Structures are given as C-alpha cells and as structure tokens.
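S.K.: Read off the chains here:
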Amino acid sequence: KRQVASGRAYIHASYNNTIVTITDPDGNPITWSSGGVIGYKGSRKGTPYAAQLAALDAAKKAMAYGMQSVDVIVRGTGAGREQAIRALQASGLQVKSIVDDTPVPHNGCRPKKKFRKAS
Amino acid sequence: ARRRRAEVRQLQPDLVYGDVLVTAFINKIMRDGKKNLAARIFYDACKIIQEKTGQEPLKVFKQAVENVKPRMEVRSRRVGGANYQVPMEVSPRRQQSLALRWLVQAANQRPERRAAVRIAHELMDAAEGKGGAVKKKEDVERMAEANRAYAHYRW
Amino acid sequence: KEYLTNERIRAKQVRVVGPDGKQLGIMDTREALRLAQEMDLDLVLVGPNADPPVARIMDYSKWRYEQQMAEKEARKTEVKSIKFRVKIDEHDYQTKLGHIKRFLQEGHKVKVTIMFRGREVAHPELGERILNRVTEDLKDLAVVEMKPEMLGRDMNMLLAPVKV
Amino acid sequence: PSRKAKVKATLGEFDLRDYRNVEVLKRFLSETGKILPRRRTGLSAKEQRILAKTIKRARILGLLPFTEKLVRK
RNA sequence: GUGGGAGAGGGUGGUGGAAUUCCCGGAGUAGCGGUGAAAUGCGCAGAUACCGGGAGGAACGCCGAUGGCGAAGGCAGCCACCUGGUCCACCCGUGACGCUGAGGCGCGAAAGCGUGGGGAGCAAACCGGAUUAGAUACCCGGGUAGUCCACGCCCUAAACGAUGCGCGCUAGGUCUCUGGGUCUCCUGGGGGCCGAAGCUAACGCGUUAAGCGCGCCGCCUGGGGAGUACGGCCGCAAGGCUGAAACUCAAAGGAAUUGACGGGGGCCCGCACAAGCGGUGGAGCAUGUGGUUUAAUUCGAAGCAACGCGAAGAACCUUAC
RNA sequence: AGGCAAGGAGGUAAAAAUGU
RNA sequence: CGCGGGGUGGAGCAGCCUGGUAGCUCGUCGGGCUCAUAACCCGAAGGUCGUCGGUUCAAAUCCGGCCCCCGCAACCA
Ligand SMILES: [Mg+2]
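Chains as they are written, first to last, in the authors' numbering: chain K, 11 to 129; chain G, 2 to 156; chain X, 3 to 78, 83 to 170; chain R, 16 to 88.
A hint or two may mislead.
[Claimed, not checked] Mimicking EDC-like on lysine to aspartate or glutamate, the simulated pairs with C-alpha atoms at most 16 Å apart in a straight line are:
1. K88(R) x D111(K)
2. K88(R) x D110(K)
3. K84(R) x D81(K)
Bear in mind the hints are in silico, worked out from the structure with no lab data behind them.
Produce the complete structure using the sequences and hints provided.
M.R.: Structure below.
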C-alpha cells in the first residue's frame with residue numbers, strides 16, 4: 011500500500027525471540043517478521059534457524075513492497091543474530107553495511123535478578 | 002570405540018557381476034545366515050527385472066540405490082534435559098548402507114507371495130522414482146529442514 | 003482430537019453440516035469450501051472414515067482454543087496430596103492439619119497418602135486411628151469419600167471440601 | 016592481545032590537555048565511543064588517566080563521539 | 001617553612017549523554033513476553049519491535065586495573081568552589097615539643113525508624129502462575145515498604161589483611177603506582193607477588209612479618225548454655241552496649257594426611273551409550289524362585305555378583321522333610 | 001592465509017529425599 | 001409434585017454447547033529406577049456416557065419420556 015525502495019533493517023536480538031523489523035530512510039517501518047509469524051511458539055522461538063527463517067520472511071515481505079537497498083542494524087545478541095544477518099545477505103537483497111548498536115545503558119538502573127550477580 | 006576409527010568392512014565381490022555393492026545388498030537381504038539362498042533369490046529378482054523393465058539388472062539396481070539415498074539425515078541427542086532430533090550430513094558409505102537397509106525394509110512390507118517378486122518390484126520402483134524405499138528416503142529428508150531448528154548442534 | 007482442515011479432505015463427496023444443527027445433505031468438496039468461504043468460516047472433517055466423509059462448516063481456531071482451555075481447566083480444580091507416616095506425633099501433625107486446611111480453603115481436593123515400611127502387623131490399625139482422627143478434626147470444612155483403603159502396602163484416603 | 020598499532024608511538028608530539036583538537040584523539044577512542052586500554056594505548060598510568068580525563072571533557076563538549084556504531088562485522 | 005606533586009578523599013552548587021520506563025505523534029500487525037519446559041502476564045480501545053519529541057527519576061558503560069584515595073565505613077560522568085590528609089626535595093627554622101591511650105567526644109556500610117518531598121528501575125512483605133509428594137522457596141509476572149534527597153536518629157557487621165597502633169632492626173628479586181634525581185640506573189613513599197634467616201600447630205608469614213625487640217592499650221581463659229537471663233544505660237521503637245550463673249557434656253576446635261565421595265575440573269578407557277542385527281518383556285510350555293498352601297512342600301542362595309544356582313540327573317533310593 | 005592465542009558472546013543449563 | 005441444571009471409566013471431571021472423535025487425575029494390577037521406598041516410568045484391567053427411545057447417515061452430545069438427584073419452590077391458608 012506504501013513503497014520506498016531505499017531503507018533500514020532492524021534486528022532486536024533477545025533471548026526468547028529474534029525480532030526483525032524492516033523500515034524506511036526516515037524511521038517508520040514497512041513490515042516486520044518474527045519467529046512466531048512462521049510457526050515456532052516456544053523456546054525454539056529463540057533459535058538461530060528460526061531467526062533465519064524470520065529474516066527470510068521479512069525479506070520476502072519487503073520485496074512485495076518494492077524494496078531494493080538495505081542497511082543493517084543489529085540491536086543486541088540473541089541466539090542467531092549472525093544467522094539472520096547471513097540470511098539477509100543471501101536473499102538477493104541489496105545488502106549495504108553491517109552496523110551493531112547496543113541498548114547497553116552506561117550503567118543506569120540496577121536490572122532484574124537475571125542480570126544481577128553480573129552486578 | 003574411542004580408540005580406533007574402526008574399519009569399514011571388506012566384502013569379497015559378486016559371483017555374477019563383480020561389484021561389492023551387489024554383495025553388500027545380498028548380505029543385507031540375508032537374514033538367518035543363508036547367503037547361498039538369498040543370492041539365488043537376488044539372481045531371480047534380477048532375471049525378473051530383465052524380463053519386465055528391459056534394462057540391465059545391475060544398472061537398475063544401481064539406479065535404485067542412487068534414488069534411495071539421503072543427504073541430510075536425522076539423529077538423537079538429549080540436550081537441555083529433553084531429547085531433540087539432530088539433522089546432519091551422511092558419510093557416503095553410511096548413506097549407502099542406510100539406503101540398502103531401507104530397500105530391504107521395503108521388500109519385507111510389499112504385498113505379494115514369493116519374496117523374489119517383491120524385491121524385483123521394489124527394484125523397479127526405485128529405478129522409476131517411487132516405491133517404499135523411496136518413500137522412506139523422502140520421509141527422512143522431510144524430517145530434516147523441518148527440525149533444522151536444532152541444527153546448531155553439529156555434535 | 004485432531005482432524006483435517008480447509009481443502010485438506012482427500013474426498014470427492016463430503017457431506018455438509020451447516021453452522022446451526024442442520025443436515026444440508028450429501029455434497030462435493032469444492033461446494034463445501036465455497037459455502038465455508040461464504041460465511042467467513044472454514045471446513046472441518048469431524049468423522050473422516052465412513053461413506054460420505056464429514057464436512058462441518060465451523061470456526062476451527064476458536065474451537066481448538068476452547069478445547070485446549072477445557073483440557074487445561076480440568077487437570078489444573084486439582085488433587086493436592088499430603089504424605090504421613092505410621093508413628094506420627096503432635097506439632098508435626100498440627101502443621102500437617104493446618105496445611106490440609108489451607109489447601110481446602112484454596113479450592114482443591116485433598117489426598118492423605120501414607121508411606122509404609124517395617125513389619126505389616128499393626129500398620130493398618132494405627133494408620134486408621136490417625137487418619138480417622140484427622141478426619142474428625144476437619145469435619146468442619148472437609149468430608150470423607152474413599153474410606154481407609156490399605157491395598158497391600160498402598161494406603162490412600164481421599165478428602166473433599168464442604169464449600170468449594 | 017594488541018601488538019601492531021601501538022597508538023601512543025605513531026602520532027608525534029602534542030599536548031594531552033588540548034580538547035579542541037579531535038583528530039589528535041581520534042586515535043584514542045576506538046571503533047565505538049570506547050577508549051583503548053593500556054594493552055592498546057601504550058601510556059603511563061598517570062598519563063593514561065590524564066588522557067581519559069581529557070576525553071571525558073571532550074565528550075561533555077561534543078567533539079569526540081559519545082557513542083558510535085560498529086561498522087562491518 | 002619554602003618549592004612542587006598525585007589522587008573515585010570530603011561537602012556544596014551545577015550540569016552531560018547513553019539507558020529505562022511514562023505520555024503524545026507517526027508508521028505498522030497478531031503476537032509479544034518468558035523458559036529446563038511452560039503457564040500467569042499484557043495485545044486489536046492496535047501491544048511488542050521501529051523512528052520523532054518530551055516528561056521524569058536514578059545511577060554513571062568504556063578508561064578500569066591485579067590500580068588510586070581515605071583512619072575505617074567507604075569513594076568513581078564531568079566541571080566549579082570550599083576543604084582534609086599525604087608524599088618528596090631543600091635540610092633552612094623549632095629543639096624531645098614524642099608514643100600510646102582506661103574513660104569521653106566524634107565518625108561510622110546496609111538495612112530500620114521518625115518528618116516532609118520524590119517515585120524510573122529495581123523490589124521484602126503480598127497477590128499471582130509453574131515447580132513440587134508438601135512450596136510459606138529457588139524459576140517466571142506483577143507489586144507495597146523501601147531504595148533516592150533533606151533534616152533527625154540508629155550504630156550493627158566476615159566494621160576482615162578474620163593481622164591494634166608507635167618506632168628500631170633483620171638477604172634478595174620481581175611487577176605495580178607515585179616523587180625526587182648526575183632520568184640505560186639509583187634513590188625515597190605506597191600496593192602486590194616469589195622467597196634468605198628466623199618463626200609458627202602447620203598452612204603460611206616473611207623490610208606492608210604472624211621474625212627479632214621494646215612501648216602502650218584492648219581482650220582470652222573448655223564447649224554449650226549465651227551475646228541469652230538480671231540489672232544498668234542508650235534508643236521514638238526495633239534492639240544495642242555492658243555481660244553472668246545454675247546446669248550439662250568429654251570432647252568443641254585448627255592445620256594438614258591418608259582414603260572415602262562429590263548432581264567438582266581435565267585425560268582416558270570397556271559392547272558402557274550411540275550405530276547395527278536379533279531377541280526377552282507379550283503367547284504356550286519347560287524349568288528355578290517368591291509367595292501361599294500343606295502332614296511335609298528338606299536346606300541354603302539375595303542387586304550386579306539369588307533366581308536352567310549347589311542339583312553334572314528327586315519314581316524308591318537319592319533325601320536332609 | 002595460518003601459527004598459538006587475547007576478548008565479547010549462548011549452548012552446559014534434567015530434577016533427585018531418606019534408611020528393613 | 002411445582003421449575004431449572006445435570007447424571008461419564010472403581011471416585012471426581014474434561015468432552016455435551018459445533019453430532020462422528022470419550023481423555024485425565026486419582027484407585028486396583030504388574031513390572032522396572034533402586035541398595036529399599038517414595039516419586040518416577042511404562043503399560044495392563046477398568047466406560048457406550050442414568051438411560052429408553054427418537055432425531056439421525058453417526059447421539060454422550062440435538063430432542064423428548066422416565067428415573068432421579070441436586071439446587072430451589074412447599075408461598076397467600
Ligand atoms: Mg511404586
């Protein structure tokens with residue numbers, strides 16, 4: 011319904027699901043695909059093959075909206091972000107440059123009890 | 002078992018074709034220790050094949066073998082507390098063995114009277130692209146690329 | 003509890019049950035599918051191996067959700087269990103009683119199991135005496151269902167609430 | 016373990032306490048807005064500390080990137 | 001004293017982005033979140049993820065260290081201020097002015113509690129859901145006190161180098177910082193690591209000693225009773241300090257040493273698993289066993305390693321009953 | 001491209017109670 | 001009896017609600033883990049859905065009778 015040709019890919023990479031959101035040169039997204047879109051409702055939700063599949067799905071979706079040029083933003087390290095990256099590279103997609111941006115706080119609030127003991 | 006890579010076995014080649022594959026197949030066919038009965042059966046099957054699909058009865062066999070082969074096969078490992086199916090590659094030798102086994106299995110779960118007949122039909126099927134062994138191979142293949150979820154454990 | 007959905011019936015004469023209770027009669031698969039499409043629903047095969055195969059025009063996902071909920075609620083509404091002994095004393099007994107009471111209040115069935123070993127001679131007797139006393143104590147919020155059941159070396163008492 | 020591009024030695028003579036010069040300290044912030052350590056910088060403890068202070072000042076100003084983004088991977 | 005020098009030392013006044021969450025605007029859709037697995041949980045009044053803006057509140061990633069400061073608790077964005085101690089060089093001044101410290105005053109993490117503010121995250125109590133035989137727990141989702149600031153208390157501690165402070169002396173080496181130097185190497189002052197002597201119950205320590213001394217204080221006098229009871233004192237209260245007995249037992253304790261074990265780490269092995277064929281387990285029977293029964297079912301064998309075993313020959317005999 | 005590494009990762013993450 | 005909700009493996013229920021599919025938890029039975037027990041693991045035995053019918057091709061289920069039971073109603077006299 012929309013279209014833009016140039017743009018970004020965002021990979022939020024958590025434990026439980028490797029989420030891929032694909033977006034325009036401004037910042038408003040076109041489509042997003044997850045492990046739970048193509049099955050995978052569980053622990054295997056957060057799994058490298060699953061992530062790869064999700065990425066592929068996202069790419070396909072992008073291709074339907076007439077999308078060519080893609081810049082890569084990895085946000086974090088969930089289990090298969092590398093796999094996802096590889097998939098993206100593969101898809102016959104105009105894969106530009108690879109960029110890693112962490113939402114690591116510059117020591118902010120003391121987190122939950124599963125990031126605790128790691129101080 | 003943790004020492005040696007332990008040897009893949011040597012077979013004395015065939016007494017009609019001069020091919021170790023054939024001998025292996027015969028051995029596989031052989032339950033209860035009667036090669037000198039099962040080899041006759043194999044010969045009969047070959048003859049039947051020759052009669053029906055006007056092909057070389059060695060060539061047909063080879064074709065069947067080629068058809069029944071899996072490239073990504075599935076295995077069993079307990080990781081995380083729970084057992085997950087692990088899909089990975091097959092060594093050529095091992096793959097061949099597997100194929101042979103599956104052909105054998107197909108032969109024993111076919112319909113007709115004399116075993117020779119069943120074996121012949123199975124061979125024909127394999128040559129074509131369908132059958133029981135072929136079906137099993139396909140199933141195996143499907144089991145991989147669907148459970149490739151846990152294919153981050155190459156072992 | 004699993005059946006084949008949408009175009010997935012491998013038949014060329016599927017009998018169409020509508021969304022109300024009707025028997026619409028003996029129809030095609032394609033026609034059934036079209037009917038399903040018309041109501042914004044899907045086609046479920048509820049009795050697959052007969053003469054004319056069964057096409058029920060229902061909502062599948064919702065049905066399955068309902069089924070899953072049913073399966074859940076039934077098991078978890084629960085049986086909660088306490089394991090005593092032959093030789094039981096006072097404070098411990100009181101504690102156990104309290105626990106049982108708490109469980110009852112929660113809204114769950116109570117089960118009193120005893121673990122036996124050492125001369126099956128006056129094992130049923132003491133077991134009965136203690137268990138019956140327990141029952142007597144909690145004949146305010148709990149009642150008796152399966153009376154003292156020593157079945158070899160497996161004694162079990164089942165206790166159900168007064169106001170669930 | 017860092018052993019080919021000793022970041023102290025390659026860049027010549029200068030002052031540590033000059034924060035308006037950004038290309039001089041561009042050596043010292045790594046790929047991200049992260050400082051290089053003693054195994055990478057090749058500075059005296061005291062000297063290193065001074066450098067860090069300077070970098071912090073620069074960050075507060077703006078000149079040197081506060082948090083950058085890791086290109087290539 | 002002059003002359004420097006390092007420092008997250010301490011307080012006061014700011015302010016810097018990353019992050020979080022909140023709230024809008026966008027665009028977007030069916031799940032997200034979670035986990036050993038899941039469920040609660042939130043999401044079609046459109047969540048999550050994604051960009052734009054702010055609203056807040058905390059804490060400050062890297063540098064960062066095994067480092068530095070402080071008496072100790074402790075202390076880290078960064079600046080500014082006020083301000084501690086310290087260390088050196090000069091040996092310039094004073095001329096034994098020192099060292100300790102019963103009491104006392106003073107500080108004194110974190111929690112608590114009072115009063116008011118703030119309130120994002122976290123998060124006792126508390127409610128959930130799972131785990132479970134039971135779960136008041138670990139796992140997961142909320143969530144209030146509280147964390148934060150201010151005043152005022154409290155004042156305990158693995159307040160620990162489990163090592164009081166002061167000085168002197170007694171082999172080195174090595175790294176670490178920090179100063180002075182005639183600056184490939186000295187010299188001082190810290191912080192570690194390895195060790196001469198020596199000590200010590202050893203482990204260890206070993207110019208930062210637990211060595212060898214002296215000085216002065218603190219406390220020890222078996223464990224448990226018990227940091228309790230009584231009193232006294234302090235505290236708004238929690239409690240704290242101070243500190244017994246009666247009784248009661250022949251051990252309480254430490255170091256190591258063998259071994260034993262470990263749901264400790266490495267390396268190996270075995271038909272141990274895997275890979276493979278085919279059985280037992282199911283059918284019937286053949287046995288032997290348990291069990292019962294019975295006049296007697298002779299006796300023993302007990303997880304592997306008892307169970308087609310002693311029995312490699314029970315009609316009598318055997319043969320014990 | 002390797003020789004040995006120096007680091008950031010997420011897989012190990014089954015739960016296991018006693019004595020006739 | 002007046003009205004409504006249901007009777008399901010030995011006991012409690014999921015299915016009834018969309019007509020085909022009756023499962024699970026506990027109890028009995030046996031083995032195995034084990035040094036033994038607990039749990040555990042795996043099964044065996046155990047219902048035709050109170051039940052008679054009808055509807056329906058297939059009834060647990062839609063529906064009616066009856067048993068009933070429960071809950072209520074036994075009120076103004
Ligand atoms: Mg048992």
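S.K.: Now look at each hint and say whether the structure bears it out.
M.R.: How the hints compare with the structure:
no.	hint	verdict
1	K88(R) x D111(K)	12 Å, holds
2	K88(R) x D110(K)	8 Å, holds
3	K84(R) x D81(K)	13 Å, holds
Hint check: no violations occur; every hint is consistent with the structure.
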